[PDB]
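We show some of the complex, not the whole, and keep each chain where it was.
Should a chain be cited, it is by its letter among A, B and C, assigned in written order, with residues numbered from 1 in that chain.
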Amino acid sequence: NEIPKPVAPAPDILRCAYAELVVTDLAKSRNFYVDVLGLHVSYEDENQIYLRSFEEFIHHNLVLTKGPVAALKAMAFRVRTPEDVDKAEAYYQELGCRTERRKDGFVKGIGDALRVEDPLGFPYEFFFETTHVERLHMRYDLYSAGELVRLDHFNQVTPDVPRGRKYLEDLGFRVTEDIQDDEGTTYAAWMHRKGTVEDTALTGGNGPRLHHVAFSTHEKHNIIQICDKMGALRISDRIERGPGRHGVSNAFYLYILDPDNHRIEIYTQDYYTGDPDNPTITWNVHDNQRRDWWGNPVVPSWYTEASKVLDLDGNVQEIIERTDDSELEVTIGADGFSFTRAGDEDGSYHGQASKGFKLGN
Amino acid sequence: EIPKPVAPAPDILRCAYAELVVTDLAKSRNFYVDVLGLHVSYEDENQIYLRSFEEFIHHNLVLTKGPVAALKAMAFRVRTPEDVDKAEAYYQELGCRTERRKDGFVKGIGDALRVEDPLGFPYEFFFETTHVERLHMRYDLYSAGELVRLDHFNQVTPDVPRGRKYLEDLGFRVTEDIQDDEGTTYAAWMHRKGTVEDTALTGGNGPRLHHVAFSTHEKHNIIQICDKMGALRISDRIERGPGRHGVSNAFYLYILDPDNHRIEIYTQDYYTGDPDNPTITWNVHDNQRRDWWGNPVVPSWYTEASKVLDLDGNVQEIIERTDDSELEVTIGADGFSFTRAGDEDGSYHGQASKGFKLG
Amino acid sequence: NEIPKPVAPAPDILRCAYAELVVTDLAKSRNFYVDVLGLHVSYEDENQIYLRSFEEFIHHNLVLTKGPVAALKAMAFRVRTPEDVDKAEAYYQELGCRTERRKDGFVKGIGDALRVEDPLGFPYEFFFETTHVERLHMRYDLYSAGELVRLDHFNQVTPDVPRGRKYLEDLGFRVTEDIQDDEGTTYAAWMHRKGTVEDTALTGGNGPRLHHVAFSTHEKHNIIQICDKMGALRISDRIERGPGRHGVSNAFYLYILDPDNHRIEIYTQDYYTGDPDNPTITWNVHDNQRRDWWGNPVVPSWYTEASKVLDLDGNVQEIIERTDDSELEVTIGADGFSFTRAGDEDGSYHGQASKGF
């Protein structure tokens, strides 16, 4: 059921800014994000770790908060002015959503902040005020071979992609690419404020769940190094998918799994989307170069597994099942189909994945 | 067992070129020149002679039109003219068929010996070759995917220790191999030129040619070949990869030519030229041995390979492997692999890694 | 003399979009930009070549226009809406600047467009409407080892940097980085709309002149390849400066010279500036890591040479002399000084450039 456009003006959103993830063992999670991935510690204590990327000047891009149930607690967007936090509150109230306003922040290093249970069941935060820290962008004495330089985007699993898409468009996100079929189904969409392919993205599936948080690197070899290091640490089982070239976004990518199975994407070298008539690219769901441009098969966990999300009380949001067709099922499932060249039987796949693989039992 | 000759082994420098029989010369040319960017040393209606960016000998690859795609010769350069005579005496003592041509079998090679070796493979040994313009600083020509050297061959043969011993007598030194705990050898890598490999043995029905490998300068050059193949909408000819190898530590990719000949693109293995270079043995169930990142080995990699010819140009008969199959013991329905030895977490039973089973 | 802030609202400027460069030999220029640099032809004829980068979808990033005097004819910024072109027109009219509007464009592939002689003497164009073309961002069948992927920025030589900076700020550009000394002089400033370090930048010097136009690559090796190719073509003398790591911007860079001596920068991997309180970085002019972070010396030509610019009638703009201190003189001239570590005599340079020259 369609989400109405409020009369109240949308807040002016700059970018994705940070996620707060609940984690079950804080020391194990620190080992992953600090020792394996090289994120920089802005603050920590016995309950939380606050981490930032190489080029960041706001207080953090990631808060790890200890709790009993691993989940997304908030995805936070920075807004352009303090007054945009008021606009966000009015906007979401008009939408009939539950909201919570804290003048001195939910997490350290953030000031006046609004959290909301959005119409798709996701916990969004909007804030302007944040504690500036040392921007480490020229600290090459600290630079790692796998350095994560920026927070890039979030990706959300939600059952009805068009419903979500219209709501985000009204909030001022522009869709850059999407995946559809010839029968009216949308499987995924990507949308931005900051002028890259994405600040958030919708993946069709049971939800609300958080698919991933993405960080970028400077160069492709930096992503290769993360893989290499995970091999040396004998944690290659935590590399879920990749590395690859995306069709959607044209980025070089890797997906890995934190100790609570929160999925992290490492990403580089997408393209500029800031013009308001930026061409929207629609890929057909059966095109086997859409997700991995080289045609490598998409691991089934990538479609089925995602993180729980919390409501404003800290309880897990109940999952609503997708009734639209499943991307997994129509591409690599038993009645699935994919092609390399449209209309060519050669290099097509019927009821199995590419490259000689089938879905595991 | 293959006996060690009394005659001295030829001093082999390196792998030098392969002659591949191809069925459609123009389609093969499109692949090797237009897609992969190899440099033409000579061509006519019957053959295309190709070299890599840094080569100075006449060629690294000869594509010969013929009725049945196959490997016709894998050629090693020897240190001196006299080493061709040494190769001839050596293989005659082994009781192999040999053929000697004072003026070469292909253009740009002089005095050369071809043999049907004890494993059924057509080896060539030569010294003399026509030098060409070494293109190593021709950055006006350099591709985003530039292939810079010929690196190695890889041969499929049923009995790896038997082949390994024979190659050792020939002066190749084993760098890495893959074994299990009950004494089966699945693969071995061996060199002359001070890299991980000049040729390599993969256990399987043979003789078949598994692949020919070319290097690039950097990892991104390999990524570009993938990217270009997607743009050309030939991603279905990317067989496996890209990845980081366990064995060799090289960054890699496997692609298939129009006759299904497999080409590896490879970079950044390590120096093995010291005589006590430490050998590395990997367990066959170690899921990081082939792809260090644990990505699954596609089953065609284990099953498919090119035919090889005898000196008459007929296809060599295949002999079946009786030792255990790497595919079966790792990714088949009774297969298993681990991430950490002894740890059930990150182990895979009856399927491949990353959530796939065999198609 | 301070440029006043209009009552009229500023246009919403998205980004630098294209430059129109007058060149004297269209074929020689084509050889440089297409054959050497690999830019993509959107359109050409006997008078003009329209070129774009690998990831662009608007008609072009660079127009080469044959003419008698090599010069910048227009530096063009795209605005957010058609109504922003009206805003630009009112804004510059209130500034008392000469303006010209053409509903059907000045160059092919651009629709309704306003050109102005701006208060610093530069020919700015603002436009929204443009013909979309095939975006080549996944055409890896065409991708060059030196591929130029985006237009990034322009850099302008102007005698009074503070005066220009205030005007650009009023127009909506935000200063990301600058170079000053301890005596109240500003030598350079960088400023943006699109959320990178720069869409345009001001270099203190006699002006108006165009210092350079900059294009991006994906990776540092792509810039190295441009140098390697120029060596192979035996045109290494057209490499002016670099490659290097910038202090200001933190980008990896290269400066080369086209056949009419128009300077092109190749640039990669600066940082995100889109937050409105993005911290502004000020360097001291004597800091020998401010321009090349590795302390490589800046050749004098980089400071003294720059392209002519045209007025709306196509005539060369008269050059006004800088009276503020010269960055060349104070760092590498006879009485110049630079340091590696502030306050350390070791690694400092008196009356000469770094690294032995």
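The rule is short, and it goes like this: contacts are C-beta pairs under 8 Å (C-beta built on N, C-alpha and C of every residue); 3 or more make two chains touch, one makes a residue touch a chain.
Shown chains number 3; the total number of identical copies in the complete complex of this file is 4.
The definition used in the following text is that only the chains that are shown with their structure count from here on.
If you draw each protein chain as a dot and join the dots that touch, every dot ends up joined to every other dot. Here A is the chain whose Cα centre lies closest to the centre of all protein Cα atoms. Inter-chain centre distance (chain A to chain C, centres taken as mean C-alpha positions): 35 Å.
Between the CA-based centres of chain A and chain B the separation comes to 41 Å, rounded to the whole angstrom.
Rounded to whole angstrom, the centroid-to-centroid distance between chain B and chain C, based on C-alpha atoms, equals 50 Å. In chain A, the residues touching two or more other chains are 219-220, 247, 293. Across the interface of their complex, chain A is touched by residues 218-220, 223, 226-227, 229-230, 233-236, 238-240, 242, 244, 246, 251, 287-288, 292-296, 298-300, 339-340, 345-346, 351-359 of chain B. Across the interface of their complex, chain A is touched by residues 14-15, 55, 57-58, 78, 80-81, 132, 135, 137-138, 150, 194-195, 218-220, 247, 250, 269, 271-272, 274-279, 293 of chain C. By the touch criterion given at the top, residues 137-144, 146, 218, 220, 224, 227-228, 230-232 of chain B touch chain C in their complex.
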